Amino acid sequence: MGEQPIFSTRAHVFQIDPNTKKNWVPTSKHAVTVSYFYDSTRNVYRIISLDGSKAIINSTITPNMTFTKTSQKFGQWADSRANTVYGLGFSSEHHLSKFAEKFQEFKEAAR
């Protein structure tokens, strides 16, 4: 297939404020589904999330992109295509933990 579903989880989505990159701005009002998809048409993994029919995340994973845990339930990563920093807040450390693990896997496939 051109777009292959791989993994899906839920979280509240945020982006850092453009101006000083320090204040968190909510992007979704609800927790939404955040997923990893493999795009074979472009040969890359993508992090995709829609709030309703509005894509709020469509981040291609690149070899040096890095996911950082900020608390036991929240983590972030920088994205140059959209020129921002995404933050994800999970209901539990186990979910943040698992998301970060998958991130590392597809980062390597990218390299």
Second form
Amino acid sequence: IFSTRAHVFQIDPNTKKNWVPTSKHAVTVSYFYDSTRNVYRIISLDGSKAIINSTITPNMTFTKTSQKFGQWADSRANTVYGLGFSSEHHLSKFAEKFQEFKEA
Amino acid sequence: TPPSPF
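Having seen the form solved without its partner chain, can you show the form solved in complex with its partner chain?
Expanding to the full complex; the earlier chain stays at the top.
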């Protein structure tokens, strides 16, 4: 698996233009292979909340919007997740893993 | 556009 830190956001449902903070601080975000479903997943837990529970689908894409912000649409969750990183370095390894775990 | 300062 692979874990990292990031502030989480979701696009606003009404206009799908503005970002709404999901976490109040940075939280752990991990790529995990679920051996019970045989699929790769991106999860982020905060307290009793599963703020990210995205299953990676071959037609999913991760966009590096800026130096420290990346995002991906998840039709199952009916939203778009946005992650803010502490550096472009972290944004990059997150993006490369997205493609790696997608490619499998 | 991303949330600041990202």
